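For this one, chain A is given, so just place chains D, B and C with the ligands on it according to the hints.
4 protein chains.
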Amino acid sequence: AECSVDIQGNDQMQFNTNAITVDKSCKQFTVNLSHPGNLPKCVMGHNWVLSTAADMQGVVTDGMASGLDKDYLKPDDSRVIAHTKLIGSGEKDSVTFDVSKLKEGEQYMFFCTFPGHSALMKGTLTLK
Amino acid sequence: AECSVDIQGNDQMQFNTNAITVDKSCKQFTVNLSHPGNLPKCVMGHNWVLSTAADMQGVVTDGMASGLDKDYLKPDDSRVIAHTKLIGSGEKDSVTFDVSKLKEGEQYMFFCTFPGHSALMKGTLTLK
Amino acid sequence: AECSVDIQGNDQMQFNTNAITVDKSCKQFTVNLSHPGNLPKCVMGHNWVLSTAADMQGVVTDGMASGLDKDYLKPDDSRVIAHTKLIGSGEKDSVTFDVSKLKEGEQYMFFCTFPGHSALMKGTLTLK
Amino acid sequence: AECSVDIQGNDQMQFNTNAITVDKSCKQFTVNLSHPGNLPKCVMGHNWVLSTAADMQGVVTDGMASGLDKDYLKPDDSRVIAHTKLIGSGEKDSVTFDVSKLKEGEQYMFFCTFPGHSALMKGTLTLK
Ligand SMILES: [Cu+2]
Ligand SMILES: [Cu+2]
Ligand SMILES: [Cu+2]
Ligand SMILES: [Cu+2]
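Chains as they are written, first to last, in the authors' numbering: chain A, 1 to 128; chain D, 1 to 128; chain B, 1 to 128; chain C, 1 to 128.
These are computed hints drawn from the structure, not numbers from a lab.
Incorrect hints may appear among the rest.
Identical copies carry no separate label here, and so any pair may be met within one copy or between two of them.
The calculated DMTMM-like cross-link candidates involving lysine to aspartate or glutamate, where the alpha carbons are at most 25 Å apart (straight line), are [what the hints assert, rightly or not]:
no., residue 1, residue 2
1, 128, 91
2, 27, 76
3, 41, 106
4, 103, 55
5, 101, 91
6, 128, 62
7, 70, 6
8, 74, 98
9, 85, 2
10, 103, 11
11, 128, 11
In isolation and in its complexed conformation, chain A is listed as follows:
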């Protein structure tokens, strides 16, 4: 729609898209994450995390150490522009953030920080 996107994470460890475009006219953007799979949060938990291409590796590495309890995210990680919680099969979650936090020109990557998933579950977010 406008200023919002519907994204899914399945048991095949994939997002149903790898490119999100945020319209500059939007004050804020909304990401709706859903898990149409069957596997529970331990095995196939997904979340949606946004940050600069430069910070991904960092977030992913620290998230893994945080553990399942912390939704595989370092508490109050400054590198994380926005994020949903870790959801499992059948669950759902959404997050809205201020388009202002994004700065035209830079590279933005979204991905799941569940151990091993960033390998396949990642994509670019562009501010056009």
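Using the frame of chain A, we list chains D, B and C with the ligands on its own:
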């Protein structure tokens, strides 16, 4: 069978077993690893690494640093009692080691050193 | 010891005992549950739930419906005399209850409410 | 624009142009590489490497041996005038170099050092 076990690592990031039992009457034990998945060594490559429960973390951390070229294994890591190579979809590999290297009473863990997989891909190997 | 018992739930879906005896002289009894397995709460979680033999089936069925979030227990289930929480690999939990709640002569059963586990995970708790 | 060019490498293993013209009036030149594909750095990763036509074969052959960890480029290869990183699907990267390094009259070749890609991924860079 006797003195050998068949183990699999799939695209869902899991081993098809988490407990292996090595009979003391065996002079050597063989582990046959196979990858019935579809994803390439890249994203979902697996391996089977054996070590003491105490050394797991150490091995996992250093392997990650060694990189995909090194099969996510520190070259000549003394803590590794035995290991297969990193295999991808459709591939296969095996490794035989001398049961003597195992000392009854201690704790042994087997796991995959591919970045993130240890979270779920790991089990206990016991000498009975 | 006296007025306390140490019980375990492993990955093989089994308790390390199927009979518990509560001495009448005890004012209260304590159960210490521990999970020596490797599998996470999703797949191989366990809890220790006590009730009359007659209510077990009822508790198990409703517990299943309550879902993982509720520790596979119907909230405020009156048929439940005592219970630990659902624990996964490496975790631990304990519960102490008043021996008074038990009434000599009746039949008591303890079991795990995680889906499918009550088939093997259950035992009798006697007041001698 | 002026003193910069936008180039692409897709999943079909091709550059969106095989000729780049650098204006001598430029002090330095900028190449912006983007990967509009879907395949990961792993299978369809690309990079932009500049060198004399005479050196290409050498760079490609050694870059291949360096491995994926090295971005398929021998470390500190003197034959490489300039280069971007090895990028995957959705990623992006740029490299700026001093036009001075180029010497009018000689032949310059750009290409991707990913195993096999040089067959189709290469072009000429002229200093006019
Ligand atoms: Cu995920
Ligand atoms: Cu693996
Ligand atoms: Cu259980
Ligand atoms: Cu290429």
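These are the hints, each one checked on the structure:
When the C-alpha separation of residue 128 and residue 91 is checked against a cutoff of 25 Å, the pair qualifies only between copies, where the shortest distance is 16 Å, while the shortest distance within a copy is 31 Å. Taking the shortest alpha-carbon separations for residue 27 and residue 76, only the intra-copy value of 23 Å comes in at or below 25 Å, while the best inter-copy value is 44 Å. In this assembly of identical chains, the alpha carbons of residue 41 and residue 106 lie at most 25 Å apart only when taken from different copies (20 Å versus 32 Å within one copy). Proximity of residue 103 to residue 55 under the C-alpha cut-off of 25 Å is restricted to the intra-copy arrangement: shortest distance 15 Å within a copy versus 38 Å between copies.
When the C-alpha separation of residue 101 and residue 91 is checked against a cutoff of 25 Å, the pair qualifies only between copies, where the shortest distance is 20 Å, while the shortest distance within a copy is 28 Å. In this homomeric assembly, residue 128 and residue 62 never come within 25 Å of each other (Cα to Cα): the closest approach is 30 Å inside a single copy and 38 Å across copies. Taking CA atoms no more than 25 Å apart as the test, residue 70 paired with residue 6 passes inside one copy only; the shortest distance there is 24 Å, against 28 Å between copies. Taking the closest pair of Cα atoms, residue 74 and residue 98 come within 25 Å of each other only inside a single copy of the chain (21 Å); across copies the shortest separation is 39 Å, beyond that limit.
For the homomeric pair residue 85 and residue 2, the shortest alpha-carbon distance inside one copy (23 Å) is at most 25 Å, but the shortest distance between copies (35 Å) is not. Taking the shortest alpha-carbon separations for residue 103 and residue 11, only the inter-copy value of 23 Å comes in at or below 25 Å, while the best intra-copy value is 33 Å. When the C-alpha separation of residue 128 and residue 11 is checked against a cutoff of 25 Å, the pair qualifies only between copies, where the shortest distance is 18 Å, while the shortest distance within a copy is 31 Å.
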